Amino acid sequence: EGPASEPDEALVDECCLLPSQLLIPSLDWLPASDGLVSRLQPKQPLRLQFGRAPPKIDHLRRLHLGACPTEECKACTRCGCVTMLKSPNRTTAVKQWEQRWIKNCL
Amino acid sequence: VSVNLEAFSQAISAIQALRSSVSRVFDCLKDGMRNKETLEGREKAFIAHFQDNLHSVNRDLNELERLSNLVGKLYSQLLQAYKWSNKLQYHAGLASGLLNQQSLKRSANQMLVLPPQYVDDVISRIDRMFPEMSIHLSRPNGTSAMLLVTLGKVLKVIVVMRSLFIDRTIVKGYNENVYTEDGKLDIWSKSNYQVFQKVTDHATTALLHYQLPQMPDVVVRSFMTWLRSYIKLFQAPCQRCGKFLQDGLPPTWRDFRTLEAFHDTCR
Ligand SMILES: [Zn+2]
Ligand SMILES: [Zn+2]
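Going down the list, the protein sequences come from chains P and 0.
Quick note on numbering: the first sequence equals residues 703 to 756, 777 to 828 in the deposited numbering.
Quick note on numbering: the second sequence equals residues 7 to 79, 103 to 140, 155 to 310 in the deposited numbering.
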């Protein structure tokens, strides 16, 4: 209960036996700062324009797409994750994992 | 032998091209999709590229076996000192250059005696091959050498030199008395044939064409090489008009630097 304990090096060398068999497949870091949180500054405004916009895998479901995919998404504006619109499976689909973010992301 | 050692090159490249092309077949189908605006410009291109790469693999496989059909079939320390002499032959070709004969000559204006045995040594150098032709050197008149040449069963040619340079050349057939009644070589006469008199003009134009101010040996060598094409007379049709006879005349005129029988009208 509240350990604040650094795991021992005996675990570290056993985790160094991991690349003997297992290598890291991939990750998905959510906080892509597409919003203006990492673009503006007080007394330093940016005179924006419209439409200038100064490896593509779905953030919600784990279905890999192509380089320039085709399927459409609803814009989860709060964090930029691709809340993709039309799920591939509907006749056999989970009815809450899709419906929890049927509106927006958390 | 090197015919198999160079015919193996196409196959040893083709198998690696098969590996690369099947890798392309794998990853392009594995690349997913690149729409590039319209879908009809992509999904109709999907079957196009899927036919393209698979058919490239197929044609590579196919051209593999026609190459496979035609083909057939101190320990290492002193080996290193062997092939360097063989690459010295390439080193001889390193300093050759393609500039060759062509130069950038301007006007030659500012601001001799040689023995006839040298002429004999000149004529002995090229008579040693082409056994179908013969050379008979003679000087019954002065030190100038005029030569009798027989060409198989076809031509008898008198070739007069003077001052080690060219004087004259007259060609006749095979069944005429090229000598006179006295037995000396004839000097001033005519070939008494329309084709022969027509091609003597071509010979006169050719002798004024090969122009070396210092080196007449290559002039007369190119002249006799040009004459060597004339043992194919009455046997090869013309290269542009198809038929032999242009107004009853078979092709004779060999072009400069491109030896093939033509006419004056046929150029
Ligand atoms: Zn989100
Ligand atoms: Zn012709």
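A couple of the hints might just be wrong.
[To be verified] Listed next, the in silico DSBU-like pairs over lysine-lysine satisfying Cα-Cα at most 30 angstroms (straight line): (1) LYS778 (chain P) - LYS36 (chain 0); (2) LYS199 (chain 0) - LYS241 (chain 0); (3) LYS275 (chain 0) - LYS215 (chain 0); (4) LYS134 (chain 0) - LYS112 (chain 0); (5) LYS241 (chain 0) - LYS286 (chain 0); (6) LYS112 (chain 0) - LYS196 (chain 0); (7) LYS796 (chain P) - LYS808 (chain P); (8) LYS233 (chain 0) - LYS196 (chain 0); (9) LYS227 (chain 0) - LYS196 (chain 0); (10) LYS796 (chain P) - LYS286 (chain 0); (11) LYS215 (chain 0) - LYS808 (chain P); (12) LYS116 (chain 0) - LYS134 (chain 0); (13) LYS79 (chain 0) - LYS50 (chain 0); (14) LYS199 (chain 0) - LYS79 (chain 0); (15) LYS275 (chain 0) - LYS778 (chain P); (16) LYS778 (chain P) - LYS196 (chain 0); (17) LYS79 (chain 0) - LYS112 (chain 0); (18) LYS36 (chain 0) - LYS796 (chain P); (19) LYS199 (chain 0) - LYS233 (chain 0); (20) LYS241 (chain 0) - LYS227 (chain 0); (21) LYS112 (chain 0) - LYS808 (chain P); (22) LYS808 (chain P) - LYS745 (chain P); (23) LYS286 (chain 0) - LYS196 (chain 0); (24) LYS745 (chain P) - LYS796 (chain P); (25) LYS196 (chain 0) - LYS808 (chain P); (26) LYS275 (chain 0) - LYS241 (chain 0); (27) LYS42 (chain 0) - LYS796 (chain P).
[As the list claims (entries may be wrong)] Cβ-Cβ distance ranges computed for the label pairs, FRET-style: (28) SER29 (chain 0) - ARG812 (chain P): 49 to 59 angstroms; (29) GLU43 (chain 0) - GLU703 (chain P): 52 to 62 angstroms; (30) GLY126 (chain 0) - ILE779 (chain P): 58 to 68 angstroms; (31) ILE779 (chain P) - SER62 (chain 0): 52 to 62 angstroms; (32) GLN743 (chain P) - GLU43 (chain 0): 46 to 56 angstroms; (33) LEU732 (chain P) - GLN57 (chain 0): 53 to 63 angstroms.
[Claimed, not checked] Not close to chain 0: a few residues of chain P, all C-beta gaps over 12 angstroms, as computed: (34) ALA706; (35) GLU716; (36) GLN818; (37) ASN826.
Treat the hints as calculated values from the structure; they're not laboratory data.
Built from N, CA and C at the ideal position, the CB exists for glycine as well.
Do the hints match the structure? See the list:
| no. | hint | result |
| --- | --- | --- |
| 1 | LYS778 (chain P) - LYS36 (chain 0) | 14 angstroms, holds |
| 2 | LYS199 (chain 0) - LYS241 (chain 0) | 16 angstroms, holds |
| 3 | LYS275 (chain 0) - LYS215 (chain 0) | 15 angstroms, holds |
| 4 | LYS134 (chain 0) - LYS112 (chain 0) | 41 angstroms, violated |
| 5 | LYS241 (chain 0) - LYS286 (chain 0) | 19 angstroms, holds |
| 6 | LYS112 (chain 0) - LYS196 (chain 0) | 49 angstroms, violated |
| 7 | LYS796 (chain P) - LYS808 (chain P) | 9 angstroms, holds |
| 8 | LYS233 (chain 0) - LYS196 (chain 0) | 20 angstroms, holds |
| 9 | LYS227 (chain 0) - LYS196 (chain 0) | 22 angstroms, holds |
| 10 | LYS796 (chain P) - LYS286 (chain 0) | 80 angstroms, violated |
| 11 | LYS215 (chain 0) - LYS808 (chain P) | 97 angstroms, violated |
| 12 | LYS116 (chain 0) - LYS134 (chain 0) | 35 angstroms, violated |
| 13 | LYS79 (chain 0) - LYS50 (chain 0) | 47 angstroms, violated |
| 14 | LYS199 (chain 0) - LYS79 (chain 0) | 51 angstroms, violated |
| 15 | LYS275 (chain 0) - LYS778 (chain P) | 74 angstroms, violated |
| 16 | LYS778 (chain P) - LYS196 (chain 0) | 85 angstroms, violated |
| 17 | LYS79 (chain 0) - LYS112 (chain 0) | 24 angstroms, holds |
| 18 | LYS36 (chain 0) - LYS796 (chain P) | 26 angstroms, holds |
| 19 | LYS199 (chain 0) - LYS233 (chain 0) | 13 angstroms, holds |
| 20 | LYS241 (chain 0) - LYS227 (chain 0) | 26 angstroms, holds |
| 21 | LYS112 (chain 0) - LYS808 (chain P) | 70 angstroms, violated |
| 22 | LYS808 (chain P) - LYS745 (chain P) | 43 angstroms, violated |
| 23 | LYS286 (chain 0) - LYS196 (chain 0) | 25 angstroms, holds |
| 24 | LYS745 (chain P) - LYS796 (chain P) | 34 angstroms, violated |
| 25 | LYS196 (chain 0) - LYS808 (chain P) | 94 angstroms, violated |
| 26 | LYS275 (chain 0) - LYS241 (chain 0) | 17 angstroms, holds |
| 27 | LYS42 (chain 0) - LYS796 (chain P) | 21 angstroms, holds |
| 28 | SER29 (chain 0) - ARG812 (chain P): 49 to 59 angstroms | 36 angstroms, violated |
| 29 | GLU43 (chain 0) - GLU703 (chain P): 52 to 62 angstroms | 58 angstroms, holds |
| 30 | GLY126 (chain 0) - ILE779 (chain P): 58 to 68 angstroms | 60 angstroms, holds |
| 31 | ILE779 (chain P) - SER62 (chain 0): 52 to 62 angstroms | 30 angstroms, violated |
| 32 | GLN743 (chain P) - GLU43 (chain 0): 46 to 56 angstroms | 36 angstroms, violated |
| 33 | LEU732 (chain P) - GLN57 (chain 0): 53 to 63 angstroms | 40 angstroms, violated |
| 34 | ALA706 | 45 angstroms, holds |
| 35 | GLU716 | 35 angstroms, holds |
| 36 | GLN818 | 29 angstroms, holds |
| 37 | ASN826 | 27 angstroms, holds |
Hints 4, 6, 10, 11, 12, 13, 14, 15, 16, 21, 22, 24, 25, 28, 31, 32, 33 from the earlier list are contradicted by this structure; the remaining hints agree with it.
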